[PDB]
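Number of protein chains: 2
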Amino acid sequence: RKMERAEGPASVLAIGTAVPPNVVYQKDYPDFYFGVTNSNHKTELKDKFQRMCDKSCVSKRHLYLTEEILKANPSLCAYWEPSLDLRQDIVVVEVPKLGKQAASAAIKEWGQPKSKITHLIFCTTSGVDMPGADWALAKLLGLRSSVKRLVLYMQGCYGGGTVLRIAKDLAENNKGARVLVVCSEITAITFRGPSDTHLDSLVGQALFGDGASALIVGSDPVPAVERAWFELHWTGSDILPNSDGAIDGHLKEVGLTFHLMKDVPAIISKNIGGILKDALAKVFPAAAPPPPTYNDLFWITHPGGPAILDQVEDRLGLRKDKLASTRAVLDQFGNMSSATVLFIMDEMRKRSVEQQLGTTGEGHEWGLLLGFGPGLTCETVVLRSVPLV
Amino acid sequence: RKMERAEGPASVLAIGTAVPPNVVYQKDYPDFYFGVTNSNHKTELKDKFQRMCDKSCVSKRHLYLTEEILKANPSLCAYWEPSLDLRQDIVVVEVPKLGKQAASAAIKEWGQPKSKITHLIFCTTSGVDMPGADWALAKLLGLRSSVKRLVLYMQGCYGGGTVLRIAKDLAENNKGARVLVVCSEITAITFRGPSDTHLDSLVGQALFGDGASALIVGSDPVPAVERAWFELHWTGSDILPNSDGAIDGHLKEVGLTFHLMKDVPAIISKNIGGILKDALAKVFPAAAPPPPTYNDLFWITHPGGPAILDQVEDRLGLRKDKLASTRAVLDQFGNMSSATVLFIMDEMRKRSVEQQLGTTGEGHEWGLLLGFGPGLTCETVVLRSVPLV
Ligand SMILES: CC(C)(COP(=O)(O)OP(=O)(O)OC[C@H]1O[C@@H](n2cnc3c(N)ncnc32)[C@H](O)[C@@H]1OP(=O)(O)O)[C@@H](O)C(=O)NCCC(=O)NCCS
Ligand SMILES: CC(C)(COP(=O)(O)OP(=O)(O)OC[C@H]1O[C@@H](n2cnc3c(N)ncnc32)[C@H](O)[C@@H]1OP(=O)(O)O)[C@@H](O)C(=O)NCCC(=O)NCCS
Ligand SMILES: O=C1C[C@@H](c2ccc(O)cc2)Oc2cc(O)cc(O)c21
Ligand SMILES: O=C1C[C@@H](c2ccc(O)cc2)Oc2cc(O)cc(O)c21
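Quick mapping for you: the protein sequence lines, in order, are chains A and A'. A prime marks a further copy of an entry chain.
Letter by letter, the first sequence follows residues 12 to 298, 311 to 412 in the authors' numbering.
Letter by letter, the second sequence follows residues 12 to 298, 311 to 412 in the authors' numbering.
In case anyone wonders, no lab produced these hints; they're calculated from the structure.
Treat the hints with caution; some may be incorrect.
Using C-beta positions, here's what the derived DEER-type ranges look like [claimed, not checked]:
hint, chain 1, residue 1, chain 2, residue 2, range
1, A', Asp42, A, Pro32, 53 to 59 Å
2, A, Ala292, A', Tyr36, 55 to 61 Å
3, A', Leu339, A, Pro315, 55 to 61 Å
4, A', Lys288, A, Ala89, 53 to 59 Å
5, A', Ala235, A, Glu15, 28 to 34 Å
6, A, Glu55, A', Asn253, 43 to 49 Å
7, A', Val412, A, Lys281, 52 to 58 Å
8, A', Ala297, A, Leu151, 35 to 41 Å
9, A', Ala351, A, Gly187, 35 to 41 Å
10, A, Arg62, A', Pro93, 32 to 38 Å
11, A, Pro313, A', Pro93, 55 to 61 Å
12, A, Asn49, A', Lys273, 44 to 50 Å
13, A, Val376, A', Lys119, 52 to 58 Å
Backbone N, C-alpha and C fix where the C-beta goes; we use that ideal spot for every residue, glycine too.
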C-alpha cells in the first residue's frame, strides 16, 4: 500500500559487459605463468599444469594483471606471501571501475537517463571494503544519492543466480523500480605462484578470468520505449547433499585462497536432475501444460569447468548444442565467477538476433540459468525468453 | 504468477537476541584495556580514553574477547600487528554461533517449526568466508537445504536498516515466505591496542560491543496463530552530502580498521530533518491525513554514539523521552553495529507490553527506524506498531 507494487514479471531490459584489455591466450599461459612466478624449474608440476590448460576448453582470458604489474609486485608471484593489503588496494578500485564500464554500456542500451535507476545490486568475489563496491560504483556513475544499494561480497560462482533471485523481488514489489545489477570479478584477489602441495589452486590458475556484466532489471517495461529480453519467473536455491567442503575460499593475509575437491562435477551432475525436475514441476504443475523437455529449453549454465558441463550434459541427456552458448563464453573468457552467466545470457540473445531466431532464447520459450558455488550451492532461475520481431 | 505474491505488509513476527556472557563495565574498561594492551605508561593517551568512556553513555558491554583469550593471543593486544587470519578463525565461527543463539530464541517465540523458514538474510561487519555465515547458520540450525540465503558482509552500522529493506521485498513478493533475519557482530575483528596517532580508533574501543539479533519477517500472519509486532511500510536510503570519508573501515592484514571523522554527528543531525520530512511526506501524501509530529512517532535510532543522539534530538526538537529506548540499549550493550537497532526494537516492544501501553511502539501508531554507517549512509524505515490487547 504505502509503496505500490509492480504487476508483470521482473525482466532483463538491457545487458552490458566489460573486460580488461589485456588478453592471454591459453596456449601461452603455462610458459607465461611459470616464468613470471619463477617456477620453470618445477618441470613436473608444470607438465601437470600444461595438461590442465590443454583440457580447460578455455582459449583465452582477459586479465587485469599483466607481466609489468606482476614484476612490479613480487609478493603476488609467490605462492604464500602476505599480500592481502596490496591485492585489496588493487581490486577495491578496479572492480567498481570495470563494473562501471559494463553498467555504462547497459544504461546506454536501456536508453533511459541514469537517474531512473532506483536500486543497485553489486556482486563480487574480489575484495571487500567499507563503504563498499556498491557505493563506489554509484559514485563513479553519478547515480541518485537515494539509490537503494546492496553489496554481495564473497559470493563465488553462484552469485549470478543470487543477484537475479534478489533483483526479481526488488523489481516486482516496487512499482517503477529499475534495478542496476552488476557482477564484477578480478583475479588479482586470488592469483598466486604454483605449489605441488595445493594442486587445486593450479586448477584456478587454468580457468579463472576477469570480467564484469551489468543488467537493468524491471517489471512492466514501458511499451515501445523499453524492451524486455528475458523474464524471471521462478527461483530456487539448494545446498547439495554430502558437499561439505566441496568448494571453499578463505580471505587470508596471503589473499583469497581456493580449495576445490575433485568430486565437484560428480556432486553437481548427480543431483542437478532432481533439482530441475522439481523446479519445472513447480513452474508447470499438474492439477495443464507439461514442462518442456530439456532439449526444448535454453540453457545458461555457469561453466565452473569443462568437466562440470560434460558430466551435466551426460547425466541429463542433453543434445550437444544445448550448452553451445555456455561453452562459447568459457572458451573466450574463462570462468569469471559470478559474472559468467550474465555474459552467457548476453551471448545467447546476441546470437538469437543475429541468426534471426524466433526468441531471445535460441528460439525456445523457456530456459534455465544455473549458478554453482561454495556450499555446494546451486542457484536455479527459470527464465522465459521474449519473441523476436 | 508462477510464484504467487503475498498481500499484507511485511511484519516482524518474533525477535530474539543473544550476547557473549562476559560483561565488562565501563568503569573498569580503561584500566582493563590499557593493562591488557601493555599501554599504562601512555598516561596522557589513557586520560583521553578515560574522558571518552566517561562521556560514552555506555555503562557496560558484552564482549567475546576476555583477558584470558587476549593474553593467549598477543597479536590482538598490539595496535598494528598482522592478525587477520587469527581474527577470522575466531569470528568465522563465533559470529554464526551467536547468531544461532538469537535465531533459536526468535524461532521459539514464533512457535512454528524451523522448516517453515523459506529465506535467510545474515548481516555482519565481523569477518568474511566462503561459504559464508549464512551457510554456517543454516547448518547450525538445521534449516531446510533449499532455504534462500543472502549474506551481507562488511555492512557496518546501517545494516539493521538494510536487512529490513530487503526482507520487506522477500516477504511481500512471496506468498508464504517467512524470512529469518540475523545481524551478528563480534568486536574481535577490530579490537587492537591504543595509539595516540589514531585517536578515532580509540572511540571505537570506548563504544563498540558484541551482540546478535534475529527476526522472523513475513506477510499475512496467520490469525490467532502468528503475531505481528511491527509492520514495514516504507524504506529509503541516502548518501548524505559532503560525507566522503566520514566513516571508513578497511579489512587489512591487521584486521578491521576504523576511521571516523569528528563531524559525523553534525553531518547526520544537519541532514536528517529533510530526509524524515521527505519520507513522511511519501507515507502521508496530500492530494488526506497529515503526518504525525515527531513527538507522536516512536523512534528506533542507531546509537552510533551519544553525540549523534544528542545532536539529532536537538536539531529535530525531540522531547527528551523519545530516544529513551535507544539510549537504554546503548547504556546496557554499547554500539553493536548492525544488530543494535533490532535490540532497540525488542526493548521497545517489551517495555510497551510491560507498561501495558496501547501499542508495541510505546503507544504510538507510526515510528521510524534509522541506521547510519559508511557512506555516509542513512537507512530509513517507516514502521507501524501493532495494537496491544
Ligand atoms: C580441470 C579440468 C578442466 C581438466 O581435467 P580433465 O579434463 O578431467 O583432465 P585430467 O583428468 O587429465 O585432469 C588433469 C589433471 O588435473 C588434476 N586435477 C583435476 N582436478 C583437480 C583438483 N580439483 N585438484 C587437484 N588436481 C586436479 C588431475 O589430478 C590431473 O593431474 P594429472 O595429469 O597429474 O593426473 C577438469 O577436471 C574440470 O573441469 N574440473 C572441474 C573444475 C571445477 O571444479 N571448477 C569449479 C569452479 S569453483
Ligand atoms: C566520543 C563521544 C562519545 C564523547 O565525546 P564528547 O561527549 O563530545 O566529549 P569530548 O568533546 O570531551 O570528547 C572527548 C575526547 O574525544 C575526542 N574525540 C571525539 N571524537 C573523536 C574522533 N572522531 N576522533 C578522535 N578523537 C575524538 C575529543 O577530541 C576529546 O579528546 P580530548 O579530551 O583530548 O580533547 C562523542 O564525541 C560521540 O559520541 N561521538 C560520536 C561517535 C561516532 O561518531 N560514532 C559513530 C559510529 S561509526
Ligand atoms: O578462489 C576464488 C577466486 C574467484 C575469482 C574468480 C575470477 C575472478 O576474476 C575473480 C575471483 O572465484 C571463486 C569462486 C569460488 O566459488 C570459490 C573461490 O575460492 C573463488
Ligand atoms: O571498525 C568496524 C568495527 C565494527 C564492529 C562493531 C561491533 C562489533 O561487535 C563488531 C564489529 O563496526 C563498524 C561499523 C562501521 O560503520 C565502520 C567500521 O569501521 C566498523
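Hints, one by one, checked against the model:
no.	hint	result
1	A':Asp42 <-> A:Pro32: 53 to 59 Å	58 Å, holds
2	A:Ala292 <-> A':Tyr36: 55 to 61 Å	58 Å, holds
3	A':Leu339 <-> A:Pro315: 55 to 61 Å	58 Å, holds
4	A':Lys288 <-> A:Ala89: 53 to 59 Å	56 Å, holds
5	A':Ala235 <-> A:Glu15: 28 to 34 Å	30 Å, holds
6	A:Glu55 <-> A':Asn253: 43 to 49 Å	59 Å, violated
7	A':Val412 <-> A:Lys281: 52 to 58 Å	55 Å, holds
8	A':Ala297 <-> A:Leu151: 35 to 41 Å	37 Å, holds
9	A':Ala351 <-> A:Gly187: 35 to 41 Å	39 Å, holds
10	A:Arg62 <-> A':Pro93: 32 to 38 Å	37 Å, holds
11	A:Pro313 <-> A':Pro93: 55 to 61 Å	60 Å, holds
12	A:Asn49 <-> A':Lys273: 44 to 50 Å	48 Å, holds
13	A:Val376 <-> A':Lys119: 52 to 58 Å	55 Å, holds
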